[PDB]
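J.: Each chain, written out:
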Amino acid sequence: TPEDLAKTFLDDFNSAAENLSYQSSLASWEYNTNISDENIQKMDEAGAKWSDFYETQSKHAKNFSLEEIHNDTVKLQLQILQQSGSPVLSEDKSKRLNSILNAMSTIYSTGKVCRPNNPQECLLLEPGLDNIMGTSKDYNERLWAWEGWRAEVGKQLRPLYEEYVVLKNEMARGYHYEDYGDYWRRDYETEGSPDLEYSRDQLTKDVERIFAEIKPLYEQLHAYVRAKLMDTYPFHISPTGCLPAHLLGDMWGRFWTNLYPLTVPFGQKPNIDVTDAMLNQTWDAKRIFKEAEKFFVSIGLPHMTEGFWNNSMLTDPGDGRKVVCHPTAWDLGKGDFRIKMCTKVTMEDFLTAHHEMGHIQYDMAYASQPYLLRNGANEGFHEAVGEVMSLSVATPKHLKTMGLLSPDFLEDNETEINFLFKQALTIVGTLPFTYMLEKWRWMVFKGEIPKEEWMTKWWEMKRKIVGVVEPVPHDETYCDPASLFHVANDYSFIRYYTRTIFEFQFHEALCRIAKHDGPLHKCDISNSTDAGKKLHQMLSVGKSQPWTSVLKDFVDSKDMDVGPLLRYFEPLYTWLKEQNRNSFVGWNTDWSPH
Amino acid sequence: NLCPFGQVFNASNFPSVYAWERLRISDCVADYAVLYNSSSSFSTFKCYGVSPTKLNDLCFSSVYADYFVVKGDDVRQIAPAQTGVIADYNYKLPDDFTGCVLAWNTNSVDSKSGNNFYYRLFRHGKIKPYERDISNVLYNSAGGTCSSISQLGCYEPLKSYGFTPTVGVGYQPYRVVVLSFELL
Ligand SMILES: [Zn+2]
Numbered sequence: 033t034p035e036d037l038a039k040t041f042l043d044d045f046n047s048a049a050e051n052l053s054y055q056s057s058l059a060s061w062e063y064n065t066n067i068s069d070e071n072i073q074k075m076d077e078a079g080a081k082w083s084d085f086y087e088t089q090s091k092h093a094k095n096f097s098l099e100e101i102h103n104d105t106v107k108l109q110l111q112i113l114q115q116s117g118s119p120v121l122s123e124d125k126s127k128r129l130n131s132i133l134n135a136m137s138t139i140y141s142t143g144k145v146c147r148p149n150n151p152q153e154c155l156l157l158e159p160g161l162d163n164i165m166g167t168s169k170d171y172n173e174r175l176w177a178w179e180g181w182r183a184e185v186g187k188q189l190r191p192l193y194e195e196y197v198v199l200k201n202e203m204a205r206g207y208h209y210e211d212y213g214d215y216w217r218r219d220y221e222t223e224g225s226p227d228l229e230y231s232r233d234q235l236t237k238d239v240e241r242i243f244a245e246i247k248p249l250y251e252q253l254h255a256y257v258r259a260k261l262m263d264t265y266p267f268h269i270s271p272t273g274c275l276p277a278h279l280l281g282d283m284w285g286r287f288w289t290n291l292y293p294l295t296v297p298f299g300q301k302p303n304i305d306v307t308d309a310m311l312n313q314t315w316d317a318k319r320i321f322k323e324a325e326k327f328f329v330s331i332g333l334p335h336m337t338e339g340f341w342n343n344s345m346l347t348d349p350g351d352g353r354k355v356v357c358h359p360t361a362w363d364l365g366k367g368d369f370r371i372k373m374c375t376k377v378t379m380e381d382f383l384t385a386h387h388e389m390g391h392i393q394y395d396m397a398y399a400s401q402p403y404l405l406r407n408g409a410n411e412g413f414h415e416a417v418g419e420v421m422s423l424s425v426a427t428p429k430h431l432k433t434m435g436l437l438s439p440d441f442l443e444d445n446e447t448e449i450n451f452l453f454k455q456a457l458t459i460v461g462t463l464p465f466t467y468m469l470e471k472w473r474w475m476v477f478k479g480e481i482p483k484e485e486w487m488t489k490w491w492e493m494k495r496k497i498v499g500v501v502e503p504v505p506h507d508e509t510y511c512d513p514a515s516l517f518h519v520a521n522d523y524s525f526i527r528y529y530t531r532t533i534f535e536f537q538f539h540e541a542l543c544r545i546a547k548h549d550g551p552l553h554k555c556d557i558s559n560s561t562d563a564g565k566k567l568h569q570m571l572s573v574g575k576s577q578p579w580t581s582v583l584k585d586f587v588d589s590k591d592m593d594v595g596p597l598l599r600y601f602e603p604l605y606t607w608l609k610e611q612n613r614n615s616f617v618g619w620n621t622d623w624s625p626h
Numbered sequence: 006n007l008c009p010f011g012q013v014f015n016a017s018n019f020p021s022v023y024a025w026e027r028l029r030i031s032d033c034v035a036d037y038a039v040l041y042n043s044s045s046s047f048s049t050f051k052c053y054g055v056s057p058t059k060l061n062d063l064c065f066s067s068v069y070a071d072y073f074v075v076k077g078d079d080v081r082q083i084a085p086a087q088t089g090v091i092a093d094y095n096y097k098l099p100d101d102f103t104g105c106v107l108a109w110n111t112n113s114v115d116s117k118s119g120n121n122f123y124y125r126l127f128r129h130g131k132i133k134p135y136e137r138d139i140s141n142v143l144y145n146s147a148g149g150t151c152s153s154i155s156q157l158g159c160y161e162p163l164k165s166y167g168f169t170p171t172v173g174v175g176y177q178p179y180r181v182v183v184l185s186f187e188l189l
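Keeping their order, the protein sequence lines are chains A and B. Just so you know, our numbering puts 566 at position 534 of the first sequence, and the rest follows in order with no gaps. Just so you know, our numbering puts 155 at position 150 of the second sequence, and the rest follows in order with no gaps.
Extracted from the complex, chain A is given alone in its bound form:
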């Protein structure tokens, strides 16, 4: 029986990988809660004992033939095990590669842009360089904080990234992938039925096809953003060219959410802001997460565990704990789920208190799956569960029943645009930047972009795709793409493009089971146990089924659709046309601010 030899091999794995990765994740938790020299050595030794167990069991899994296995449950577990382990890199280069990844994270985290007039005061990005880039409107002040981050963290990361694209390329060729970009397009890889089949190169065909349909909505959005920002920047914006890349939202221009004080459709209407409302009421950091539990439990999803509140670091601790506090939803294993996030009470953290609580109730859902099938259906499925809760909670009808909004806040025809334009800056405003950052790196790892033409084709794709132009000329001595957190710390960035397409494809599927009669942006799936049983049916499979089958049984479509995204903004896309009649819809590549 070839099945039972591989059945008991996984039972040998699942009864030993569960304890070895739980001590690996507890040592990872201790590094991420208080950084010390005694915590890093406990982290990597447990992290290499689990890595030694990662590669030893992978070699034993390759002795099993997938053709003689006629059970799809254990074939998929063997497929992960046979195709993850034993890199082709030598002992010297693996220490070289781990030195680089620990240097690019150290340069990005400990890097700081000091003022050229006085280098004594110097912002280490937290706090600093985001209140400046998120609230200030001066052209000559944001130019310092943007170019300075491309200078201190740019020149110190370009030689580390030029060796990063070689060692990781050679590491990816050890698994017989062609490049490192093809190593990242394996969460979307699907083998199975011929109709429900998704190749690694069909992702590049589909994502380019989707952006050809986003761009009618984005260019009308980009024209209205440029017209409204022309009043705030009367001298440094051409009325028909590209926007400056440093005046948009965040520092890198990822989200446009900080432009809503400037680009506002109706300034005479009251805001939908919840930041001032929470501070005026009895609302602590527990009720940031306690009220978010009430939304998930209203639709039939289970409560948080009793050990969730005791073990998670929901707030920044005192007593001088040096903690990197990037918001991450930890699944430590053995039924233990935690959140590591230092919350600051605003509108942004209230939605990421559902995003990080969106990985939870997904990690809680596939706990009945085997250990290797305990991820999302892809990497875009995992990030879209939290953000589809950012569409039903952020509605003014749900905030009125929450009590955080005033009962006299009438939903006029002008407040249907103020909420919808704020959802266009966060969600539609990040789609071109997320696409080309995973189109620049997919060509850098392939070899379509040579190393002497990195920054040349980086900005040539910023102008053509996103519609942004550099305020200062950049040669090849700078590395602007590696200034982001997800690029310097070796993270896949195609999650945030594909989850957005799934953010509204899930949403329009949930609002037809919840029997919502009206527009898509007015939908609210709260207090509906029928729109949570179909969601939990999607969540409980994990990675057991291909994501083209999980999507087909949930939204009744096989491939990625952008029609649900366009129908969400169809009340806005009609309003964006009548405001862009006088202005020009488009951008010119040849214009330069300098």
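It is worth saying that the hints were derived from the structure and are not from the lab. Here a beta-carbon is modelled for each residue, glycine too, at the ideal position from N, C-alpha and C. Careful, some of the hints might be misleading.
Looking from chain B toward chain A, a few residues come up when the C-beta cut is under 7 Å (computed) [as the list claims (entries may be wrong)]:
hint, residue
1, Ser66
2, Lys164
3, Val172
Chain A is fixed; fit chain B with the ligand onto it per the hints.
T.: Structure of chain B with the ligand alone, referenced to chain A:
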């Protein structure tokens, strides 16, 4: 005298699943009234064959008590006609099992940094009703027997529970003690 349930319910140290300890209790009188309303601590008080409140009037001879520690979601496998890992390799109860399987959470006490609880997880056969497999620390082969860990198809049976106090519910130590009320 009274019934020695202090050494069963309130013992200092409980064993693991495979090496469970059997205590034969006979000719005793017990106060089942205070054990009937002890639901503030006992997470599981399922009974089979007899009512929970009617067994005090009935006189039982040679009452057995099999006490051990399993994880939180392994208390479902201490039921008659139940299939699973520890219901077939560690501790199997017959279909005519009469009595009350009693379990309660012990995450504070039985989940320290020095304790170690194991389960069988690998055996060539089905465990008989009320059969205690001895502490056989010998490597299980997929076919026949093996010698060392490096041989293919050769896995060690006794996989330990990762009992830390920070694990979630279901993977927390539950002290399970059955009361096989044999009659006549
Ligand atoms: Zn996330």
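J.: For every hint, state whether the structure bears it out.
T.: Checked hints:
This hint is violated: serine 66 of chain B has a C-beta 40 Å from the nearest C-beta of chain A, more than the 7 Å allowed. Annotation: interface hint on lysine 164 of chain B holds; nearest CB of chain A at approximately 4 Å, less than 7 Å. With a least beta-carbon distance of about 4 Å to chain A, the hint placing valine 172 of chain B at the interface is held under the 7 Å criterion.
Checked against the numbered hints given earlier, this structure breaks only hint 1.
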